[PDB]
Amino acid sequence: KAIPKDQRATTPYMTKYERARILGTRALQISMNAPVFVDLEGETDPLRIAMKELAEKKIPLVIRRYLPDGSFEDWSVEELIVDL
Amino acid sequence: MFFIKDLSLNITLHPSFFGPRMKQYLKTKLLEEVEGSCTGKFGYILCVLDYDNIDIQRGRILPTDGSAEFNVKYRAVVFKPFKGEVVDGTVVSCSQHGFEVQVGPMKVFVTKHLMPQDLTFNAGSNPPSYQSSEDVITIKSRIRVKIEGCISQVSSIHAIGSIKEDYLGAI
Amino acid sequence: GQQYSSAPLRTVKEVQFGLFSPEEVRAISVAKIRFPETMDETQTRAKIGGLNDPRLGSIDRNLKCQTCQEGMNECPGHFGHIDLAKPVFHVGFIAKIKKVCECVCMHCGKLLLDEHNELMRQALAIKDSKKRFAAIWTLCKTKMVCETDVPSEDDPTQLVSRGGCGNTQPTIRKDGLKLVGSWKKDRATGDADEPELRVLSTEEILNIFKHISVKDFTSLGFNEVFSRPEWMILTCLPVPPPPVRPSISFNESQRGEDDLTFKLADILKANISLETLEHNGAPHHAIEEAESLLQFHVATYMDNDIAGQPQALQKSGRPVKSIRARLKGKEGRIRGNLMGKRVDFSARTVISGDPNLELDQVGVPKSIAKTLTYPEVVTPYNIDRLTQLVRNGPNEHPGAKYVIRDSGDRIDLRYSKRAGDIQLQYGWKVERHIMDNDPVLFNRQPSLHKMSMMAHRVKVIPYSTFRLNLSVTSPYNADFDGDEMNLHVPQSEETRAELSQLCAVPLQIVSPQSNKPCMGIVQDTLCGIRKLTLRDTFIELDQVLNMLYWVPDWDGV
Amino acid sequence: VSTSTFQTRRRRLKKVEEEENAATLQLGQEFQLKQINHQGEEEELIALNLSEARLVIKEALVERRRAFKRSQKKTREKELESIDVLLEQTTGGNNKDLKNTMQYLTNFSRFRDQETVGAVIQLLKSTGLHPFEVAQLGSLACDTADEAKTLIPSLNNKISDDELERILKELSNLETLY
Amino acid sequence: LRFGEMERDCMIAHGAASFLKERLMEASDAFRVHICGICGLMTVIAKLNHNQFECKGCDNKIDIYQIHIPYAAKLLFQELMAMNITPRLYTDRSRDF
Amino acid sequence: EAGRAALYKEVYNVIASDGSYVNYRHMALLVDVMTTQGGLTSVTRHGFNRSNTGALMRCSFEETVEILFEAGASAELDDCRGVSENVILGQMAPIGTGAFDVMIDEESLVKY
Amino acid sequence: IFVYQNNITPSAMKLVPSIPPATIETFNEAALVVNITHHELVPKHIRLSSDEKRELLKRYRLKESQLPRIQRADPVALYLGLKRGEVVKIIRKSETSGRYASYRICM
Amino acid sequence: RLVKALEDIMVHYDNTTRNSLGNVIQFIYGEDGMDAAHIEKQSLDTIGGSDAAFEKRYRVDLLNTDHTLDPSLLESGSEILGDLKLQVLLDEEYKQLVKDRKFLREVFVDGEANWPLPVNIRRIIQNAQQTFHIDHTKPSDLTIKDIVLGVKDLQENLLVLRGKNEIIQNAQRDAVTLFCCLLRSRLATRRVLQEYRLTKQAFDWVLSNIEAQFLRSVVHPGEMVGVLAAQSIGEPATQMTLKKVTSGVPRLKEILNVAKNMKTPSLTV
DNA sequence: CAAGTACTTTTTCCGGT
RNA sequence: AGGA
DNA sequence: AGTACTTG
Ligand SMILES: Nc1ncnc2c1ncn2[C@@H]1O[C@H](COP(=O)(O)CP(=O)(O)OP(=O)(O)O)[C@@H](O)[C@H]1O
Ligand SMILES: [Mg+2]
Ligand SMILES: [Zn+2]
Ligand SMILES: [Zn+2]
Ligand SMILES: [Zn+2]
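Chains as they are written, first to last, in the entry's author numbering: chain A, 72 to 155; chain B, 1 to 171; chain C, 3 to 559; chain D, 3 to 76, 118 to 221; chain E, 1128 to 1224; chain F, 1342 to 1453; chain G, 109 to 215; chain H, 840 to 1081, 1092 to 1118.
Because the hints were derived from the structure by calculation, they are not lab data. Beta carbons are placed, not taken as given, at the ideal position from N, Cα and C, and that holds for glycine. Be aware that a few hints might be false.
DEER-style ranges, computed between Cβ atoms [unchecked claim]:
| # | chain 1 | residue 1 | chain 2 | residue 2 | range |
| --- | --- | --- | --- | --- | --- |
| 1 | H | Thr1095 | C | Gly484 | 52 to 62 Å |
| 2 | F | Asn1354 | H | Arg944 | 41 to 51 Å |
| 3 | C | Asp151 | D | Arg14 | 52 to 62 Å |
| 4 | D | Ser6 | C | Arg393 | 46 to 56 Å |
| 5 | D | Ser6 | C | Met74 | 56 to 66 Å |
| 6 | H | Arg944 | G | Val141 | 45 to 55 Å |
| 7 | G | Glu137 | C | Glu155 | 37 to 47 Å |
| 8 | H | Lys1003 | C | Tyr551 | 54 to 64 Å |
| 9 | G | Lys171 | C | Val352 | 20 to 30 Å |
| 10 | C | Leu509 | H | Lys934 | 18 to 28 Å |
| 11 | F | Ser1392 | C | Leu199 | 48 to 58 Å |
| 12 | A | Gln78 | C | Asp526 | 57 to 67 Å |
In silico BS3-like links for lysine-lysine, alpha-carbon gap of 30 Å or less [unchecked claim]:
| # | chain 1 | residue 1 | chain 2 | residue 2 |
| --- | --- | --- | --- | --- |
| 13 | B | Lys83 | D | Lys76 |
| 14 | A | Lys128 | F | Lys1452 |
| 15 | B | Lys23 | F | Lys1350 |
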């Protein structure tokens, strides 16, 4: 159905699985010569660049957290706490 | 006829395009793929309306390749001809078999037999014409046709038409 | 590799199970399938317009498919068909067919009970098709008469007509592939003593099922769109293509046909006899003969291992491989080829312990690293490095095996006349050797643990064994009395992350199985750590300085 | 990949009925009267008379030329050449269909000005005729109520002959003297 | 080597969704079939070159999709069909929940 | 509920008899699974494998062909929600890494 | 409620669903000697109001299928006289959390 | 079978444990909503000993000249004497501790104190002690309000379930119960001052780290807890192979099979 | 009706009759 | 027939 | 070595 931003009840924290999937996706993208939203401070590994993008919180992705009924909450990698 | 229709193409963007000029490359890929297109289901997709308000939505990243898939929701001018539709057009082709009529994006071919009997072919004219006691149907001439049936054919739609009944024929 | 197709890519969301209507089989079919002969255009080696390819899939590997012009690796097979002379039971459905007959009128095709019986409308209520059919059967099996009129939903004095036909129902019993019933009869109130004993034909059960009401069969587990009862009886048979039953073609002049290809020809032969036998001089019994043989072949094709003992044995005594046999557990399609699979980018050797390896690394023998490849994309960040590994080639350690182009076509650096001058372009892929620090999945079978498969850092080393840190020994349950282990190389930037970010050895240290560390100091190090730490134990400067320099993180203090 | 619509039918296994399309106002599944805009709301069928459609496309490409030049920052015989120029500027060129269409509409339109197409759209959308008939009445020039009731046979019982003749008379006045 | 049933479990246990996919697809079996959107079967006569598609028996020349499945699953489905069962594959839902 | 209590107690005792320690939650979950149906659902082909999960999922243990035959007869619909169904289909299973979706937001992309 | 010593004739048993909307319950005296609800292993079951169930399902985004089930013949479902569809809230002590709330729908 | 029976079970984004049919198995994973690796055996002090020993450990009476906190324990010690308003707070505190103690004895019938719970409090305090160089001689700069209310606030922040409704909120309260019994027991006023000797600075740090640790300790929606449970029972069973009642592998076999005709049926009266 | 019967999943992954 |  | 099933 798609749950509104006010009314979102899932964790404000990013899941171990979310973080891994984001780093993977961005590494795969950077590696496919996608634009990088961070200064590569001499960086060359797309995974190492992905960590830097997630650290500077400059990853233009969104996690769609599906619920067992089918509904979902959308969360920006920007808004997700990284205590991981 | 000539309708305005709400349609939605799915586009698949390669990661190297995830720059700020994204919505722009997308809106264009839609226009490349969709405008000029001819489908049986919707007819000729002619002109994509309201460029400024084309809906890109959030695009899902497909797991193994980094590409993202977007459902580009849009609105366009279409042309889906029907049997029984009365159309006006200009003649183009003309032979012993009949004459073809250009109607917007599509041609309609009128059979020698789908015309009144009085109209006879004339090979010895420039360009080859169809002659009646009153009328002379030829290349640049304007004609009102009734579409008898159409054939959905790849990048086009073609139809067989009549000028035999009342109020049809030369204009 | 498969070629570009303009068809939209999508994923399977639902699997809609069902049965084939004969009409569908005929419709989907690319040919029927008249001659049991496989090919030889009268000895002339080329496929026949009769069995395997009267427009089906392709053989030869040379020479493309007729109907899709694709050829071998692209062409899924194409189905054909065999219009059976007489109907036959599907081996699988035999008991459901029986149970349905036991529930319905063997004459009018109406349910033996209805909305009028209390227990029946009670059973009809059940939402679960499987559980409701179970209930319907147990009530209806008993009812041995189709009722014309029954007591009304108010009083027994006035009885309402439910639906016609009075006929006594047979007491059906199976005699392996045949349904034979026993009608109680009536004769002067008595009979039975001695009831009517006659076998129920496929064709009669078909006609009763054909007459079962949509509402009626739908009250049984059935579905008017995907699975009608009549479809449990086979009329027109789908002939699977070569990809399903490939000919293991030894030499150039030798067939090597599949078991399925032979059993199909048996069916054809059994069918042809029956057809001519009835069309021609019909010696009445000689037909029920050839019919029962056709039933047998169509039975043993789908399932050879039937209760009713006679196994269809190949001329050699060895029995025929049924289709059911192909799908049966551990080894065979499901558990054998789908749940588990043999895989590329995998290596296996003897393991040995190394105190000089870090907990999270794995000693990878050079030879293994020079075989296992990772497909790296040509990017500006790596362009120069990759250009050098390609230059190095397949036999230098930091080297490459292939260069994959934009074109999709694979360059072999082992033979390509251009293996030297190979100018790399962004977006190409270089299949480079496995290198120090690449994450790899390490595993020791059994594999009863989350920790029996952990990700390690490559460490290319000499000698032919995989080297592992000693503390990592416990989660794997490994020892070095000759144990071997498996290595798996991820081919994606995405899968590599999964491994480093989730299954890495250090992540696995504390285990949820018992909420405590699953790795610790073991053997030599445990034995020596006690000895080193006694009150009695003092060390002189000379050694103290070496004991220090050895800690790679020592403050220099 | 090809285009899809707002109609969400689930033809599960059951293929057909492929019903014919006519002057029984029996158009496709797609060109049905009860349509649905992407906002989900039920909206009615939009059929355009040549004159109306000529303006729509012209308008669209005009504003597309605006957006293109914005993103590049950091007399019927004459209307024909004017249009052929705008097409070089906005459309992919490869679209021979649009050039052919615009030439056709430019040469076949009855109502040249926006205000003219306005009054046509008002006068007609009061009859209660299905947007297809309302378009054909606007795009085919008719004199007898018979001429119209013949070429648009669906009209047959829908309007009065005299009422249709009043309407045909107003449309004839509205014809922009090219 | 065999990435077996048990090994599949450890992968499921880790939550390595893509790594499991990769082992079972790209690193083994993986194949491309064309399926009909009306009867969810591999019926399609994909003459991918002349860009012709077709599913005679549905007369469908439009509603066709390409899917990526293990060749052994292509096999399983053809085997299930030879035995009269229909494993119809659909790229959209109809049940919700 | 006392069934769950007894069942757990007994399970725990087999584990603790060896001297081993398995954290509550693992045994709790097994016991909870056998329970939820309202009775004592055994961990056998004729027990759990006869529940209403996916036809393909169920055929992947013990009754294979027999299960699939029944699916075709009763026109069963596989949800494709189970792990095993995606494993068969060569699809990214809704497990860990696949339990949610990933999308590009154009707004944030043009913001950076 | 009808508390009987040894048996109830199948003649008399046919008159139990005879008077709806009113309801009847049979009970063997021998079973009633000990109150099972008093046992160590027996947690607090609580019958929910039609509005409470409505909320439980809304709050957990459930269909009635999805909840754990209690059999209509369960000693505790008998003690409380649970009817088909009626939901029980079970409150057990936890070595994990100290207090754990489960739910069971009636069969 | 254990694997095949539990394969499709995982923790969803509503902290709920469900199968491939979305049926609820457990309302919250392991009844507490905690990831197993983040748990450690911890002694619940409150649980045992004499009612007398408890009183000495937890009781603070600012209205009694003998049972106040000596002005050596904290700075306010002098001015805290006979303060009736504060004494209300310590009475709430004490009565809550006694409630806990009775409840714990209901759960752990045999008085077993050692239970695995998340957040090792003993370490946080130990670490605060070296981090801040705690002087076991000097008086603390803590208020009775600073401790009593401080603990009371942290409790509202140990979040497992997030929903804005009574149903979900009670689930949260319930799931967090036992942990808070430990929290209140290890963080009582008398204890913090007399035993730990913390400063306001150190106490604030202890409090933030409990919060932080607790949040890190919750299960991650995605966890295939079914397979994990199967393997976590299965693996040990393989390692036990590779009144004298049937036990080990064969009794486990008896169990999973729900075997009717069991080998050694026995009643304990 | 019961006894005694067949099947079945009956641990995993790695030279050649 | 062998291997952990 | 067990379980529903099957056949006497
Ligand atoms: N049939 C089998 N199937 C699966 N794993 C097996 C197996 N046989 C042996 N193993 C594995 O190999 C390990 C070693 O067994 P053995 O080679 O006999 C030496 P050990 O019994 O462990 O005693 P030791 O360490 O004091 O010498 C086992 O613990 C087990 O994991
Ligand atoms: Mg060994
Ligand atoms: Zn082919
Ligand atoms: Zn009858
Ligand atoms: Zn089809």
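Measuring from beta carbon to beta carbon, are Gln78/A and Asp526/C in 57 to 67 Å?
For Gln78/A and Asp526/C the Cβ distance comes to about 59 Å; the hint holds.
Could you tell me whether the CB distance from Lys171/G to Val352/C stays inside 20 to 30 Å?
54 Å, violated
May I ask you to test the hint 18 to 28 Å on the CB atoms belonging to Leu509/C and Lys934/H?
At 44 Å between Cβs, range violated.
Should the hint that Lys1003/H and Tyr551/C are 54 to 64 Å apart at their CB atoms be regarded as holding?
Cβ of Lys1003/H to Cβ of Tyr551/C: about 60 Å, so the range 54 to 64 Å holds.
Lying within 52 to 62 Å: is that true of the beta-carbon distance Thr1095/H to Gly484/C?
37 Å, violated
Whether the CB-CB distance between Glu137/G and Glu155/C falls inside 37 to 47 Å:
Given about 38 Å between the Cβ atoms, the range holds.
Between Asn1354/F and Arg944/H, is the Cβ distance one that fits in 41 to 51 Å?
For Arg944/H against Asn1354/F, whose Cβ atoms are near 24 Å apart, the range 41 to 51 Å is violated.
Do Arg944/H and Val141/G keep their Cβ atoms within the hinted range of 45 to 55 Å?
This hint is violated: roughly 30 Å between Cβ atoms.
Do the beta carbons of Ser1392/F and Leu199/C sit within 48 to 58 Å of each other?
42 Å, violated
A range of 46 to 56 Å was offered for this pair. Does it hold for the Cβ distance of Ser6/D and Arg393/C?
Once the Cβ atoms are compared, 50 Å apart, the range 46 to 56 Å for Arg393/C and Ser6/D holds.
Would the pair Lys83/B and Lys76/D pass a check requiring their Cα atoms to be no farther apart than 30 Å?
The given pair, whose Cα atoms are some 51 Å apart, is violated under the 30 Å limit.
Sort out whether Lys1452/F lies within 30 Å of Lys128/A, counting only the CA atoms.
The given pair, whose Cα atoms are some 12 Å apart, holds under the 30 Å limit.
When the structure is compared with the earlier hints, violations turn up for hints 1, 2, 3, 5, 6, 9, 10, 11, 13 and 15 and for no others.
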